[PDB]
Amino acid sequence: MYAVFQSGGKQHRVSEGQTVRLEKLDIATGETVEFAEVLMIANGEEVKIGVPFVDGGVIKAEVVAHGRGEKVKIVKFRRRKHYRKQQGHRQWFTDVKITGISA
Amino acid sequence: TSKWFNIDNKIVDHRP
Amino acid sequence: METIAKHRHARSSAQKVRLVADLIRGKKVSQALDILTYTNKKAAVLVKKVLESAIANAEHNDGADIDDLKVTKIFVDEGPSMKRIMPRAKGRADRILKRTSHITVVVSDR
Amino acid sequence: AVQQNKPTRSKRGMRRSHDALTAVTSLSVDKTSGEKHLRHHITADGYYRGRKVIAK
Amino acid sequence: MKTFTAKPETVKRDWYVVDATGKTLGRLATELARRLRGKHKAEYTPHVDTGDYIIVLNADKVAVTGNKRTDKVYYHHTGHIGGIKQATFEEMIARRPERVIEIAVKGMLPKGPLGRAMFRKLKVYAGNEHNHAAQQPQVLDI
Amino acid sequence: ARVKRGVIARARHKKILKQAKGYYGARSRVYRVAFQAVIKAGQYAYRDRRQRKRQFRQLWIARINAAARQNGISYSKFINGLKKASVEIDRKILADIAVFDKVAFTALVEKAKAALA
Amino acid sequence: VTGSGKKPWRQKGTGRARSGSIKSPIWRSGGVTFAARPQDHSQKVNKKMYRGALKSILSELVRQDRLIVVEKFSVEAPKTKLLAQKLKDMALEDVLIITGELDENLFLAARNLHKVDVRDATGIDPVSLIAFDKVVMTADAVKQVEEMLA
RNA sequence: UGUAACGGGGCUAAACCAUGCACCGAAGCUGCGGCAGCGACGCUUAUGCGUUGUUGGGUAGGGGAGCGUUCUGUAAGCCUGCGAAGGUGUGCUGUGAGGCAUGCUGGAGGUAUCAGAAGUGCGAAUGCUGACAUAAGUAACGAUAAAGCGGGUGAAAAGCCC
RNA sequence: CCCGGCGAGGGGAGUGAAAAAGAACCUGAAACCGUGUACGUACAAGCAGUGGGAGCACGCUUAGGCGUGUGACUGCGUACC
Ligand SMILES: N[C@@H](Cc1c[nH]c2ccccc12)C(=O)O
Ligand SMILES: [Mg+2]
Ligand SMILES: [Mg+2]
Ligand SMILES: [Mg+2]
Ligand SMILES: [Mg+2]
Ligand SMILES: [Mg+2]
Ligand SMILES: [Mg+2]
Ligand SMILES: [Mg+2]
Ligand SMILES: [Mg+2]
Ligand SMILES: [Mg+2]
Ligand SMILES: [Mg+2]
Ligand SMILES: [Mg+2]
Ligand SMILES: [Mg+2]
Ligand SMILES: [Mg+2]
Ligand SMILES: [Mg+2]
Ligand SMILES: [Mg+2]
Ligand SMILES: [Mg+2]
Ligand SMILES: [Mg+2]
Numbered sequence: 001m002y003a004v005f006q007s008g009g010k011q012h013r014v015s016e017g018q019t020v021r022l023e024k025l026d027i028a029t030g031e032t033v034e035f036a037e038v039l040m041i042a043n044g045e046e047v048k049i050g051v052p053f054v055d056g057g058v059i060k061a062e063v064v065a066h067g068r069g070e071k072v073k074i075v076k077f078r079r080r081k082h083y084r085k086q087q088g089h090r091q092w093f094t095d096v097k098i099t100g101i102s103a
Numbered sequence: 009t010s011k012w013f014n015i016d017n018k019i020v021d022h023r024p
Numbered sequence: 001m002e003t004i005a006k007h008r009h010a011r012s013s014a015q016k017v018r019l020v021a022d023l024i025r026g027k028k029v030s031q032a033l034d035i036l037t038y039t040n041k042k043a044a045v046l047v048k049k050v051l052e053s054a055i056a057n058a059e060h061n062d063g064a065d066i067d068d069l070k071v072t073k074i075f076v077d078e079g080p081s082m083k084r085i086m087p088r089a090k091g092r093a094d095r096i097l098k099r100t101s102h103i104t105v106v107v108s109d110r
Numbered sequence: 002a003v004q005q006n007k008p009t010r011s012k013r014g015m016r017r018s019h020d021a022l023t024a025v026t027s028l029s030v031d032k033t034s035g036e037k038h039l040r041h042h043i044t045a046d047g048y049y050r051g052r053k054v055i056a057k
Numbered sequence: 001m002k003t004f005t006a007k008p009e010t011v012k013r014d015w016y017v018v019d020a021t022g023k024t025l026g027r028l029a030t031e032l033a034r035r036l037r038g039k040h041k042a043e044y045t046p047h048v049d050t051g052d053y054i055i056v057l058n059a060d061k062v063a064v065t066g067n068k069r070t071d072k073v074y075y076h077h078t079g080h081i082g083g084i085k086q087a088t089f090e091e092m093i094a095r096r097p098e099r100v101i102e103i104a105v106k107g108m109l110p111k112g113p114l115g116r117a118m119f120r121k122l123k124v125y126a127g128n129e130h131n132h133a134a135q136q137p138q139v140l141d142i
Numbered sequence: 002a003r004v005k006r007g008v009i010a011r012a013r014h015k016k017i018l019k020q021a022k023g024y025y026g027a028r029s030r031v032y033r034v035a036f037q038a039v040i041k042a043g044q045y046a047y048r049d050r051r052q053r054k055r056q057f058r059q060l061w062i063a064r065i066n067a068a069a070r071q072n073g074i075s076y077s078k079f080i081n082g083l084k085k086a087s088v089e090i091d092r093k094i095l096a097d098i099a100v101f102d103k104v105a106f107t108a109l110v111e112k113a114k115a116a117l118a
Numbered sequence: 052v053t054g055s056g057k058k059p060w061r062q063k064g065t066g067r068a069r070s071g072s073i074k075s076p077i078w079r080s081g082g083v084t085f086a087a088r089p090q091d092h093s094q095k096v097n098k099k100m101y102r103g104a105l106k107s108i109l110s111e112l113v114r115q116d117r118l119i120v121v122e123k124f125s126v127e128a129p130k131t132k133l134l135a136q137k138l139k140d141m142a143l144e145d146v147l148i149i150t151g152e153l154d155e156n157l158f159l160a161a162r163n164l165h166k167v168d169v170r171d172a173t174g175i176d177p178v179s180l181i182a183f184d185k186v187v188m189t190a191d192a193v194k195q196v197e198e199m200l201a
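Residue numbers (full-length UniProt numbering), protein chains in the order written: chain H, 1 to 103; chain F, 9 to 24; chain A, 1 to 110; chain Z, 2 to 57; chain D, 1 to 142; chain B, 2 to 118; chain L, 52 to 201.
The set of hints was computed from the structure by calculation and includes no laboratory data. Please note that a few of the clues may not be correct.
Sample of chain Z residues at the chain A side, in silico, Cβ under 10 Å [as the list claims (entries may be wrong)]:
id, residue
1, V3
2, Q4
3, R17
4, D20
5, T23
6, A24
7, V25
8, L39
9, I43
Backbone N, C-alpha and C define an ideal beta-carbon position, used for all residues, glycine too.
All chains should be modelled from the sequences, with the hints used to inform the complete structure.
Printed below as a string of structure tokens:
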């Protein structure tokens with residue numbers, strides 16, 4: 001029992017009860033979200049998306065906190081040309097738990 | 009000071 | 001009991017003292033003495049005197065019973081080095097370092 | 002002739018892989034006196050192969 | 001979640017037998033190399049050997065095309081004085097034929113450490129039978 | 002007002018050596034050497050953040066391909082199918098299913114074949 | 052710096068950096084590229100700007116009633132304890148107290164009280180007005196200042 | 001110098017011509033999240049939001065905004081032997097220069113805030129001073145007039161004494 | 001008090017808040033040199049990292065492809081001024 005869905009400008013294959021990291025959603029920390037754009041669900045036999053998305057498909061999950069990723073170091077350096085700048089960056093995420101998978 | 013070869017003309021002048 | 005002894009500012013390099021030390025690391029004290037005794041290096045006599053001083057320490061100051069007593073930890077760190085001058089010739093100067101070493105022997109039993 | 006780069010601390014060690022010393026093991030006991038000694042050598046006391054040669 | 005990774009501790013492998021005979025050297029190699037590297041599975045792991053053991057028979061009877069048979073070069077250097085030895089294709093088949101295929105796929109397996117390891121899985125026998133019954137090698141075409 | 006300097010200095014230096022931890026020999030010992038090692042590591046990373054997305058895509062495409070061939074169809078045809086398979090869009094990574102759920106894959110292959118008929 | 056002006060060693064020949072004077076800032080003992088000199092930090096401040104500031108300062112002290120003006124202010128003897136008490140009674144610790152003409156006793160008291168100073172009418176400076184928590188000022192002084200600022 | 005005039009394997013199509021449909025492929029385009037300048041429109045103007053369009057490679061160099069260090073005030077305040085500075089780790093935080101916290105060490109000073117002033121930031125200059133590497137336990141131990149043994153002394157004698 | 005050459009140096013004892021303040025003495029950084037443990041390393045070729053990444057050791061968590069250390073194998077990759 002798994003299904004896959006689009007959310008970050010990016011897809012994910014998911015079983016229910018499985019926590020997953022996603023690009024930030026604008027949904028309060030405890031609330032519940034539905035993803036209607038689901039690209040495939042699977043049991044013993046499976047529904048791929050005729051056009052994209054499966055009709056009855058919807059994956060349900062509650063957000064389970066927002067956070068910021070481990071800092072990454074942008075380094076720029078141009079040898080023998082008296083130029084360099086170093087820039088730090090973190091990137092936001094929101095973690096959902098998954099409870100749905102309405103086949 | 010300086011090593012003798014550096015001071016010496018025949019070895020030092022070498023390519024004129 | 002760890003009970004240690006040591007020789008500071010010994011006249012030898014360390015590089016030299018090690019090699020003699022390395023023969024002894026981990027042996028029963030009994031063996032080391034024999035080992036050192038038939039090892040033709042000045043660093044042997046040095047290391048011996050230290051080892052001996054260590055046993056007598058372990059003996060007279062802590063428990064003792066040398067028979068069950070091993071050289072469990074031995075190392076030599078490089079000490080301060082005495083700068084001198086000699087000259088090789090033309091008016092040039094050569095540092096030459098008379099290097100010294102800090103011998104250290106830890107003789108315990110566990 | 003001289004180096005073009007500092008040999009490393011590692012390389013130094015390598016070269017010394019063979020510089021290490023050997024013990025003895027072949028230390029052997031006199032049949033008369035107690036005496037440890039180098040094989041085929043007089044003992045501290047002047048025994049060798051049981052007999053007492055050398056008073057010193 | 002990170003995509004999968006083959007793990008050396010648990011790859012499958014399995015054995016096979018291939019008949020060189022009429023088959024054209026190289027068009028053969030291709031598949032050997034491919035199957036040797038595992039590129040027909042969860043190959044999906046550049047850094048892991050995931051290929052199959054596969055042994056080749058009748059390497060001497062391998063086929064070539066063109067005038068290749070008398071004109072293919074095969075050079076190597078002894079690393080000495082001026083020791084650039086060479087040997088024509090036919091000459092190779094004459095003395096240790098198994099070589100022809102061996103080098104022909106060796107060249108098509110990757111580069112370095114792993115690559116070399118992949119090559120060990122290929123057993124190339126000049127003749128017809130092979131003393132590997134124990135591996136129970138399953139025949140395959142192509 | 003004379004400025005001591007040098008307490009802030011070793012701050013800058015240690016700030017770099019720490020980043021060099023793990024590097025071989027001077028690269029982790031000697032600032033002058035470390036500051037370089039630290040920079041170029043950064044340079045590669047910035048590059049290889051972009052490479053990562055390349056390397057994995059071709060990783061995916063490689064294994065997508067065998068499985069497709071495994072079900073008797075090249076990668077070429079197989080993506081063209083899914084494309085033409087009445088629109089429908091689906092990541093090349095998510096074809097993950099090629100390794101962990103081979104019926105689902107074969108199932109995807111058929112759906113693709115049909116559009117190509 | 053103290054040394055001769057002899058060139059430390061030959062221009063060319065020794066394997067050494069150029070070197071010219073042993074007093075060079077790059078060298079060790081002796082140097083300092085831009086050694087300072089005694090200097091004068093006195094600024095100008097226009098007449099009309101100075102006055103302009105005092106006004107903005109007074110006219111803010113009232114607005115926080117930190118200025119309490121009084122008819123007459125003086126202590127009865129040159130004894131600090133007296134003044135300490137007056138302030139106590141007046142509910143004050145930190146104070147400027149600008150007196151009309153200034154008297155002996157009021158000055159000698161407060162010389163030793165740290166948070167309190169006493170100035171005559173002319174002695175009013177800008178930092179002090181702001182310095183102390185409360186400026187007292189006799190009504191007599193007020194008229195002096197009234198004019199001094201025009 | 002060695003195949004050495006497809007990068008190699010190898011290729012009779014895996015070469016060349018034509019037509020056609022696939023697909024791979026970049027930091028280009030798009031998608032999701034984020035920052036910043038300039039716009040406009042709406043919420044609302046000692047503005048900041050929300051959209052939204054757009055711009056953001058860069059040497060010489062011009063412009064803008066900042067971090068931190070020393071020192072004056074603020075400060076007879078505040079922190080500090082229930083542990084200051086410095087040293088060494090660790091966690092967190094910022095776009096960065098950084099900041100905050102704290103364990104260990106240390107054993108006496110440190111100073112928010114807002115202003116003020118500069119001996120204010122180092123990897124290079126065959127820079128300066130000191131310390132420490134390297135070659136290396138390598139060359140060498142200074143006339144090729146030469147040493148052998150016995151006995152003393154001594155912790156130890158090829159070298160001293162007889 | 002003990003080892004040692006009535007040595008050097010050291011270990012105890014004792015003083016002290018502290019001896020790890022012992023006179024080569026406040027703090028005690030860095031280059032540099034060792035001892036100990038974990039992991040890697042004797043079929044492998046290059047600016048030594050970086051993206052991937054197994055195994056091992058260790059902590060986790062109740063598992064859950066998690067933190068730390070190491071880094072087989074692998075894509076890319078010729079330091080700075
Ligand atoms: N003695 C030197 C000669 C020499 C001494 N000083 C010099 C100066 C310059 C040139 C030569 C020399 C030699 O070995 O020949
Ligand atoms: Mg002379
Ligand atoms: Mg891309
Ligand atoms: Mg002069
Ligand atoms: Mg001076
Ligand atoms: Mg005037
Ligand atoms: Mg740029
Ligand atoms: Mg300070
Ligand atoms: Mg410097
Ligand atoms: Mg520079
Ligand atoms: Mg020089
Ligand atoms: Mg040599
Ligand atoms: Mg030699
Ligand atoms: Mg010699
Ligand atoms: Mg000290
Ligand atoms: Mg091996
Ligand atoms: Mg090599
Ligand atoms: Mg190679």
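Going through the hints against the structure:
1. A least Cβ separation of about 16 Å between Z/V3 and chain A goes past the 10 Å threshold, and the interface hint is therefore violated.
2. Hint status for Z/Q4 relative to chain A: violated, with the closest Cβ pair at about 19 Å, above 10 Å.
3. Using the Cβ-Cβ criterion of 10 Å, the hint placing Z/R17 at the interface with chain A is satisfied: the shortest such distance is roughly 9 Å.
4. Checking Z/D20 against chain A: minimum C-beta separation of about 7 Å stays under 10 Å; hint holds.
5. The restraint placing Z/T23 at the interface with chain A holds, with a minimum CB-CB distance near 8 Å, inside the 10 Å limit.
6. Evaluation of the Z/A24 hint against chain A yields a held restraint, the C-beta minimum of about 5 Å falling below 10 Å.
7. Residue-level restraint check for Z/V25 holds (minimum Cβ-Cβ distance to chain A is 5 Å; threshold 10 Å).
8. A hinted interface residue such as Z/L39 counts as satisfied when its beta carbon comes closer than 10 Å to some beta carbon of chain A; here the least separation is about 6 Å, so the hint holds.
9. Of the supplied interface hints, the one on Z/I43 is violated, with its beta-carbon coming no nearer than about 14 Å to a beta-carbon of chain A, more than 10 Å.
In terms of the numbered hints stated before, the structure departs from hints 1, 2, 9, listed from lowest to highest.
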